[PDB]
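S.K.: These are the residues of each chain, in order.
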Amino acid sequence: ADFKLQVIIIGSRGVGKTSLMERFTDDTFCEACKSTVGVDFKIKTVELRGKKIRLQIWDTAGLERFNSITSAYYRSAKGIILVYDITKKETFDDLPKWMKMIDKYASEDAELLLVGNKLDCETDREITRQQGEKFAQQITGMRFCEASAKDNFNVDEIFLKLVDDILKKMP
Amino acid sequence: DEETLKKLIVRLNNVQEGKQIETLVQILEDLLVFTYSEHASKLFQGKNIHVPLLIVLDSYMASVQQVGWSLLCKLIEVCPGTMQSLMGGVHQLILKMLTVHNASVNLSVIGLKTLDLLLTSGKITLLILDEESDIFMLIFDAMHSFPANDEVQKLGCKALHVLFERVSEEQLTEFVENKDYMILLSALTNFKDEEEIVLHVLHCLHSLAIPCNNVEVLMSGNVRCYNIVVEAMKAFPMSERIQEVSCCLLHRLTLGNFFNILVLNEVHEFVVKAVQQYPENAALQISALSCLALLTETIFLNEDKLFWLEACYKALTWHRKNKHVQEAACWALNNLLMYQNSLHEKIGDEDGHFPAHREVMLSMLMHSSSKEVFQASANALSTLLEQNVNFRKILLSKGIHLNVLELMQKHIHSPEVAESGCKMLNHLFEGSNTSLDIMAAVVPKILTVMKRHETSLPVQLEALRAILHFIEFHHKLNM
Ligand SMILES: Nc1nc2c(ncn2[C@@H]2O[C@H](COP(=O)(O)OP(=O)(O)NP(=O)(O)O)[C@@H](O)[C@H]2O)c(=O)[nH]1
Ligand SMILES: [Mg+2]
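Protein chains in written order, with the deposited numbering: chain B, 39 to 209; chain A, 12 to 72, 75 to 101, 113 to 326, 344 to 512, 525 to 532.
Hints listed in this document are in silico derivations from the structure and should not be mistaken for laboratory results. Ideal placement from N, C-alpha and C gives every residue a C-beta, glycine not left out. There could be a bad hint or two in this list.
Here are some, though not all, of the chain A residues that point toward chain B, as calculated from beta-carbon distances under 10 angstroms [stated by the list, open to error]:
#, residue
1, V241
2, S244
3, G245
4, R248
5, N281
6, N284
7, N289
Using 20 angstroms as the maximum straight-line C-alpha spacing, the simulated PhoX-like pairs for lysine-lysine come out as follows [as the list claims (entries may be wrong)]:
#, chain 1, residue 1, chain 2, residue 2
8, A, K203, B, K82
9, B, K42, B, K72
10, B, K80, A, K203
From chain A, some residues computed to sit far from chain B (all C-beta separations above 10 angstroms) [stated by the list, open to error]:
#, residue
11, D41
12, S52
13, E175
14, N237
15, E240
16, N246
17, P261
18, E321
19, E386
20, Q416
21, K492
Input sequences plus hints: build the corresponding full structure.
M.R.: See the structure below:
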């Protein structure tokens, strides 16, 4: 245990934040994933870049009611992950509000990554594939990398690329 | 009679045939449970003959080791002096006896039974721990290999409950390396309806939530310590042991992550029931009232008010001689009144209302010798005065100002008590008269408490607020 992080996962409900956190940390999956009643850890130990990394994954609610409580944790987050489901368009159009909360609460060393979940319905995807980086044409830290939890496609790519992008910068 | 036992000792002392011996001591087992007398009072057996007969004559054997390690446990109960002679050996032997016989659900129950009857002494736990065996590996292997056996899971767990209390502060943090968590937690799942297994599992989880890199892993979402709630709700609604242990664990868990506990509503709705149902087990009070004094900002940021206050008054009244009960209870009363203004109207000297201000007054005046109780008591009499203009007329007449100034001057070498007592003296006087003897007695003491802590930002803020109340007759005021 050489370093501790605080990577948080934020996004409007129904997209699959808990499913991505589970696919990375413990690889389990049930189709009736009960919605997170608040915030919740899922601690992880990853060994990379010649260091042991104690990664803490704060899974958040997504409702409008808990939007205050989650606001307490945007400060310490070394890397923030924002998610939108490609089958519902309004689950992407929420993103101005999430970006407003990020720009209000986050820190200066907070890398902000966007992730599109549930890619196995790309043929039914009501949101396109080009729109991601087109929205990420804002502040240059905003990456974009679509993935899919239930089929385990580019899942750990998200977290591993994120922790590399984090610890390649700070001393 | 005794000459039969002499023949038995003479037979067991000389090994000639490897199979006949297992009869003789077996008959002794009958005389072990034959309660006609304490004929095993000679102290020659069971400590100097039976241990060499038990380790040498059959180390690997289930021939003799089973009935031998059964005779030892049947002896330790009846003949008491063996408990003094087993150590001061039997501890290097039992680790090998568990190691070799790693594959018998009927020869490991007796080993763990001698362990759970043997570790109650002390000074043998230390000698077992300092060895090459690493007994935790043995008990955890015996628990791993044998699900569904009700006695390896218990007689284990009860042998960890007494072994985790004195291990380390780093081996404990190691056992959270994906070990303790699986064996201990799982037993909770298979035997969720048996009492003693659940009580000892709650104890063991309570005994490795001591570090700070461990409360994270326990409150996490991979081994979620909300098994405390299900244990306090189903397997023991009306038994004080599991309630007390569960609630002390829940007090230990409340580190800087409150909004997991209070949001999961069943972890602040159940602790209150544990307080109100059992007002006579002081450990339950010093756990639960402290836990709810911590969690009250979150439980009132999200009736529900009336929960604590009757229990806090009952805790103040009954456990008078204790200091921790009164500290935690007036802490919870203060932190309840400061975050719910309405029941300020429900705490008064009149009929129906609770006279808790007198109780906090007497609870400060008794326990003069402790800084923590005066700290929390001045914080609990501050809030009880700033929202009322009738409680600052009884205490002003009973003589609490001289008492609190003597208390401050006795604890002159601490800034906490000076700050809290000065806040009490500031809130107590506001909007009253000052008969010049009062000022001439007080103001030197506040100036003494003002030039002995000349760094703390609130001990001069409260002081240069409190002295503002006091600043023939002219031939006295000039003096
Ligand atoms: N096929 C498929 N289904 C998915 C995928 N991700 C999520 N789902 C489905 O969508 C459901 C949405 O539930 P959930 O994962 O909790 O979404 P959420 O937004 O994280 N809920 P909350 O944030 O409130 O906890 C899941 O239960 C699962 O059935 C995916 O990649 N592929
Ligand atoms: Mg979810």
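S.K.: Find the hints from earlier in the document that the structure breaks and name them by number, from lowest to highest.
M.R.: 9, 14, 15 and 16
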